[PDB]
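Undergrad: Each chain is listed here by its residues.
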Amino acid sequence: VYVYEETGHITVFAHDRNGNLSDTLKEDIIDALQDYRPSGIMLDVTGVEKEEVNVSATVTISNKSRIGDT
Amino acid sequence: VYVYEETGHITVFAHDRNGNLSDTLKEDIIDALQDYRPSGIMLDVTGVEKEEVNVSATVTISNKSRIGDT
Amino acid sequence: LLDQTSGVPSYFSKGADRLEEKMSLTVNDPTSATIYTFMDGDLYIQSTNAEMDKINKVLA
Amino acid sequence: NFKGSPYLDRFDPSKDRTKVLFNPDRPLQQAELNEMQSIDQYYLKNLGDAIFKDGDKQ
Amino acid sequence: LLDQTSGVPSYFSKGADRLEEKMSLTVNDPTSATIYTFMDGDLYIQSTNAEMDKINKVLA
Amino acid sequence: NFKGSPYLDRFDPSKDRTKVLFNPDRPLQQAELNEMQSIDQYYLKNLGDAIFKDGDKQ
Amino acid sequence: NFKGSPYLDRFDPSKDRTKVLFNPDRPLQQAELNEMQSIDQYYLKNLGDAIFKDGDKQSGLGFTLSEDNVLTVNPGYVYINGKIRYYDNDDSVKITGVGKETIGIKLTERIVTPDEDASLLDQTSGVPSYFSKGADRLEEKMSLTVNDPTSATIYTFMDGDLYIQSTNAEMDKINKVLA
Amino acid sequence: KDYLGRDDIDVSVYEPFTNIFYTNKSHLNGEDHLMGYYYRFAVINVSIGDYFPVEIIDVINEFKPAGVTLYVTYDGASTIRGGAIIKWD
Numbered sequence: 210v211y212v213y214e215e216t217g218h219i220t221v222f223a224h225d226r227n228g229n230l231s232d233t234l235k236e237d238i239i240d241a242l243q244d245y246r247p248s249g250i251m252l253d254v255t256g257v258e259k260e261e262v263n264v265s266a267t268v269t270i271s272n273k274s275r276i277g278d279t
Numbered sequence: 210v211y212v213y214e215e216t217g218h219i220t221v222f223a224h225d226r227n228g229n230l231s232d233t234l235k236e237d238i239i240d241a242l243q244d245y246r247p248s249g250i251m252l253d254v255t256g257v258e259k260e261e262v263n264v265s266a267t268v269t270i271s272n273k274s275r276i277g278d279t
Numbered sequence: 123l124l125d126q127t128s129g130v131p132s133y134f135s136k137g138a139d140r141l142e143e144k145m146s147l148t149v150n151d152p153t154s155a156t157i158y159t160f161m162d163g164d165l166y167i168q169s170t171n172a173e174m175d176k177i178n179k180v181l182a
Numbered sequence: 004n005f006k007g008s009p010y011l012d013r014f015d016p017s018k019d020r021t022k023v024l025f026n027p028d029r030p031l032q033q034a035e036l037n038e039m040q041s042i043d044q045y046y047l048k049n050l051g052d053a054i055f056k057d058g059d060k061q
Numbered sequence: 123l124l125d126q127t128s129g130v131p132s133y134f135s136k137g138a139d140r141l142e143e144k145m146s147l148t149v150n151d152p153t154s155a156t157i158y159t160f161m162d163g164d165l166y167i168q169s170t171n172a173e174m175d176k177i178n179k180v181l182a
Numbered sequence: 004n005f006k007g008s009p010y011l012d013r014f015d016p017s018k019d020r021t022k023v024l025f026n027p028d029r030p031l032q033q034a035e036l037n038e039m040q041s042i043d044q045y046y047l048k049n050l051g052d053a054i055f056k057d058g059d060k061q
Numbered sequence: 004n005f006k007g008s009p010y011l012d013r014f015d016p017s018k019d020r021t022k023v024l025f026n027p028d029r030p031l032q033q034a035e036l037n038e039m040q041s042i043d044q045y046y047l048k049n050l051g052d053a054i055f056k057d058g059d060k061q062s063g064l065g066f067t068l069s070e071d072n073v074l075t076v077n078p079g080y081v082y083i084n085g086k087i088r089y090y091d092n093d094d095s096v097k098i099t100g101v102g103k104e105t106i107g108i109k110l111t112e113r114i115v116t117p118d119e120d121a122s123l124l125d126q127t128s129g130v131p132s133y134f135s136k137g138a139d140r141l142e143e144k145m146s147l148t149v150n151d152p153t154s155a156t157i158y159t160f161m162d163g164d165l166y167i168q169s170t171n172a173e174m175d176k177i178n179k180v181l182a
Numbered sequence: 103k104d105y106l107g108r109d110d111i112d113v114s115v116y117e118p119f120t121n122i123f124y125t126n127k128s129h130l131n132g133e134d135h136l137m138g139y140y141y142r143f144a145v146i147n148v149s150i151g152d153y154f155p156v157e158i159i160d161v162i163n164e165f166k167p168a169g170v171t172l173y174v175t176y177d178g179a180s181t182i183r184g185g186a187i188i189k190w191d
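Residue numbers (full-length UniProt numbering), protein chains in the order written: chain C, 210 to 279; chain L, 210 to 279; chain A, 123 to 182; chain E, 4 to 61; chain Z, 123 to 182; chain D, 4 to 61; chain V, 4 to 182; chain R, 103 to 191.
You may find that some hints are simply not true.
With a cut-off of at most 27 Å between alpha-carbon atoms, the simulated DSSO-like pairs for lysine-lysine come out as follows [unchecked claim]:
no., chain 1, residue 1, chain 2, residue 2
1, V, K109, V, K136
2, E, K60, V, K109
3, V, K144, V, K48
4, Z, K176, V, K179
5, D, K56, V, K60
6, V, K136, D, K6
7, A, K144, V, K22
8, V, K103, V, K179
9, Z, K144, D, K18
It should be emphasised that the hints constitute simulated quantities derived from the structure, not laboratory data.
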């Protein structure tokens, strides 16, 4: 969780292990935060700015018999 | 007690057994909640919106001899 | 119309109201301010330049 | 109807009152603010009516 | 002129004064704005419609 | 004369100041309010004088 | 532009909104105050524009020309930019004296703050806001220009000779009808 | 008062939203100011009448509620050696 703070506004960036934030989990976080959040200050829950990286690597092997699926 | 939350303001509705909120009790509540309210947030105390219901009823009775004031 | 310094809804955001006066076009409403007059779909009187009733009364 | 409850504008042409003179260390009534612009708009209306008629195209 | 808004802290409190400018009739007062002129109880000049001095100069 | 202590009306035609620009997080002065309407009335007076003369019946 | 951060003037002619209706027990906004004066000045400008033109002389403004073609204009009234303004500046602009030359007045907007002019500070005696900063002031001064198409022409010269005279007040809209 | 070595020092928290200029109740030339960035809710100014490290601000960050801007004021009058009134005669 990353709590981003402004004057009179709170933004709670939260994510799961996969980097997503489902609506059910967002509602559960909000319900949990009802007890902890300060009264009279706006609060909002949003998912992190997840970035998905695709990797294609060419690797050369000294012992060419070790080549295979493993 | 009922606490109603708004952005930047808190209002507290309180009542006694009779549904009234005396000025002395209002001042006591304010003084007690000085310690409780968040910093940089406005808190207010008001009396519950009491609604006195006038009921005029016509009761039909079987035993006409038992009719009386009691 | 809310408070621009804060820029969000709040207890302090609301302020003064505004009086809006929109103009609409009518056909034969006597209460409205007449701008043109027609007779059988033909223009009745023209005015090439600015109209000024008091000034024209003086000039007449 | 700006004499109503929310605004309470005290402007009335018959009173012949032309200016709101604010004083220091007193409440600033919203009715006073409304009357402040109502006076000016009324006198501007008088000035316009003294020359133009309703529906005069320019 | 006292505040007559119900249920406010400034209720019945003093506020801004008002500048009252009452017009009154005068005779042979050089400071007053002349509206009529008489000679031996007889009207001197008439004006059937609105008077406009700056316009009147150009028209003349 | 409204330039005195009880009002402090700061309007002056020679200064050629035509708008009172309020800023946030400042106290509100009664003299600013008085000048706010004084400017408008002065310019309305100029507009009327440019056309009409005192005592001109309408 | 007064729509920016320091003033946040919310007035716009297209919205056809002609009155700010204040309400009780609310926090007062300086933008509402700015718009309150803006509306009246806008409609006054409209009323002026319906009669006058930006180069219309009302009275005074008699020009004086030296042998070195140095021009000075006497004080007088003139309609410029929605208001009839009293010209009282001692300009000494000169002309080349050849070809068509036009004299005009340019209006420059400037901001006056308490820092520049200490008199704008609150001087109400014996209050908490004594000597506190407050509202700024918009200063609009007039100065002469020569062969400036942006300025409002008041005079026109041809080879150092006055081209057209106007004995009395100029009223463009009125003059069109009269013509 | 815990982070510092003494308790008798004068400390107070100022809440500027109490001095917001309301139309009716607020006096025109009074103590109130027009609403804006500083005179705003979720803002506090802490007055400290004693020398403090800058890390005291971080200490306040541990205690203050989330979403409130913090300001600190150093009152140099409280820290004057002896009587602070200066004499000429």
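Undergrad: It remains to establish, for every hint, whether it holds in the given structure.
TA: Quick rundown of the hints versus the structure:
no.: 1; hint: V/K109 / V/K136; in the structure: 31 Å, violated
no.: 2; hint: E/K60 / V/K109; in the structure: 30 Å, violated
no.: 3; hint: V/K144 / V/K48; in the structure: 17 Å, holds
no.: 4; hint: Z/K176 / V/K179; in the structure: 16 Å, holds
no.: 5; hint: D/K56 / V/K60; in the structure: 17 Å, holds
no.: 6; hint: V/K136 / D/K6; in the structure: 19 Å, holds
no.: 7; hint: A/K144 / V/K22; in the structure: 13 Å, holds
no.: 8; hint: V/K103 / V/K179; in the structure: 25 Å, holds
no.: 9; hint: Z/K144 / D/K18; in the structure: 30 Å, violated
Violation of the numbered hints given earlier is confined to hints 1, 2, 9; the remaining hints are satisfied by the structure.
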